[PDB]
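One chain is shown next in structure tokens, namely the form deposited in one PDB entry.
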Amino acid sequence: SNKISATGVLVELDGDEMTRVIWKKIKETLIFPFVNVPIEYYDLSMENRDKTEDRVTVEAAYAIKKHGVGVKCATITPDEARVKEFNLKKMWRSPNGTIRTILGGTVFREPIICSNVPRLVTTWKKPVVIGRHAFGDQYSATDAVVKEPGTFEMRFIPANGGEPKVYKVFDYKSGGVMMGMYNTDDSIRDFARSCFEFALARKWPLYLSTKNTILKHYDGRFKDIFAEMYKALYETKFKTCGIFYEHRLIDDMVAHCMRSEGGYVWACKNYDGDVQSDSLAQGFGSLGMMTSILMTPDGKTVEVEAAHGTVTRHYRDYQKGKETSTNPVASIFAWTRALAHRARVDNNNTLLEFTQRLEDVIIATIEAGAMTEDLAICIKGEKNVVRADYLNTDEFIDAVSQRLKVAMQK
């Protein structure tokens, strides 16, 4: 019972509403008792984001680049109703957006799985981790209606005074609609770097979906760039790891995902990752059972968080004194994942040990049958759920806490 320490620092980003109440508890019960982390702490509450005029958000991001690891609690992103609620003198940009620009990199969503908790998709046994390429295809396109008959044309004008090449796209007769989109080789090459680095670190294979049958050039450039890089830099390493990479056609990927056991990383384009991430996440079940995690292209800088929001509907009931059974595992797993990275970077196996315990002690505690209300509802259905079927949030943490001590051997 020597409490574990570290050698580098861990950047903590505190947040809002219900997840903050949960954050605080976790640190008191599942982290600070068992381990001493140096923590550079930025408070990203809405209150304190407003007070520093967002400066702490940016400060937090740069710290993550200096130090190399960050955990983030759910933070409210301000909108119109929020500016009236919290009296903000500015509608500040979503802190994730701010953070993500500065760090750069790609977001991987990895769900936590338990035996007894069933999935919507019977086949699924292991994580399917979708990486999403955020730099714009349709998200930075330029769209327009066509009210007159006429002709939609595309010019590529070379900057070295060279001859423009132009493209007949369509001659409309009645009305219509037109669009143009783009992407960079550098944005793609960074998307690729992230993916290869994540899947390698995780010791999973990597898939890539495109529709390159139809868009032989546009979607072709993705397939190629991944290929260029793979057999250059990654193929030997993956092959030592017992993993691989293949490009699949998007039509096969959805079918493969449907039919498959799982246990792989799925890298897909901006639009595809956006559409798929929601069905996929639904299918695995509770949003408390999944974590986000941005990974820069080098693979040394990581920001990690639960893939749910500040779960406000519950933060009301907590204010009103009512019992609440918000699921804390995604939050808890943000800590363990993030601390793991820290350990893997500093080559620190007492800390890397701890993270393995907690991760699996959580799965044990639910696998045995102690679970928050949402998981009960997967097993037992939404009618049928009685109070003895779920622990509330606080008594679940106290339940993983004892079970952790049990497995503090070594």
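Take the two forms, find the largest set of C-alpha atoms that superpose within 1.5 Å, and that set is the rigid core. Residue numbers count along the first chain shown, from 1. Compared with the form deposited in another entry:
- Superposed on the rigid core, the two forms differ between these two forms by 2 Å or more at the C-alpha of one listed residue only; from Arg259, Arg313, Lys203, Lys165 that residue is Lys165.
- Relative to the superposed core, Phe244 undergoes a Cα shift smaller than 2 Å between these two forms.
- Residue displacement note: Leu233 has its CA displaced by under 2 Å between these two forms (rigid core superposed).
- The Cα shift for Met154 between these two forms, taken after rigid core superposition, is 2 angstroms or larger.
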The other form holds:
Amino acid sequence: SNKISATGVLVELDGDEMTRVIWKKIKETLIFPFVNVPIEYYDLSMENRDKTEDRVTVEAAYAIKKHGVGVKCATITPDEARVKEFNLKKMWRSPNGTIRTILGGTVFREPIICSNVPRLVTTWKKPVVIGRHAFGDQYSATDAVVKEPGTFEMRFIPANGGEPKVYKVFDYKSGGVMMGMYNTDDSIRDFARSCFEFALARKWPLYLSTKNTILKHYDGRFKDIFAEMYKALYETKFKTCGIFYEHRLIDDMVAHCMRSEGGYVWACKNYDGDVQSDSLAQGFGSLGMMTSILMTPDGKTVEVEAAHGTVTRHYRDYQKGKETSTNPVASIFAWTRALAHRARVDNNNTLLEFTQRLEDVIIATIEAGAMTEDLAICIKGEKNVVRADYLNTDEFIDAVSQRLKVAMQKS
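Could you present the same protein in the form deposited in another entry, rather than the form deposited in one PDB entry shown above?
One chain, no partners, no other molecules: that is all that follows.
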């Protein structure tokens, strides 16, 4: 028992504002002492994404697909406002959207529950993991206003040169609005792969929601694919594990979700993902207890982070010079969740267990009362919380450290 390590490689992406300052402590205090895995490092501080024309970003994305596991701190996705603050060049796109794209596959959000920390939905006793397809659909579609009377028609035009296929969609007598969207069989099939794979690892059952009732052909295509794919390559594997796949009309699924105790992976389409994920986020409690994880369709490759932002407001009090109480846990979990993936590919039970023992030690700490402002507010309530109801970011980490070292001995 000293420093244990493992000979694959983590790929660290460094990120900015408050999350950045926590990254730096997490590492020093809770991971580097007891683990020394070799690390290809990158630095996606917006500081540097302007200094490198958003090109450490794309370097780092492929950096992961090579090595198989990544940790990302949260980063600033530029608004137009953001440009004036730091620096000009292009008002850049979101690193998350870039890496997600380069790696293929799908992001899965996971709450982290404690017993003293209540939820808003009384029935939820277990984690509901939403996985979001994040491509096509309403998000890359053409929209338009209609001011004349006229027709809105659609044309499919064969590439080989066959019959344009034409559909009268509607004839406007006054004014209105109009829109078209696509999706591709490849992006869906990859969503499906990534999902089936994700539920299978974590030993949970799997729902996908559509509205094929209404959209017989478009939503059907999704249903029909997961149906196609489940029975080809996974059903047998599911039964062996003892889990399942089912499909639901979205309206069931949200009823089910609400009324069910939890413990499942929920495939959502791109818009159902944006919409539901905010509900869960608020509902489970603090966004500071949630981890995004990015899985590839081959299942063998991953990039995990927190599911919150950089915490700008807190960062401002860091600069003011003031004390702060940011939840480092999603971020700490980020590390453990990753490291645990690197452990299960290296056949490494020393590190694997340390990732369990740290996650257990964090939960047992919160459950014994030592927690942060945000979680104090989950138990008590925003207006009714006071200083000696929580710890600052520093004290939490040094509280979980000391608790950790004692449980490292007794074994």
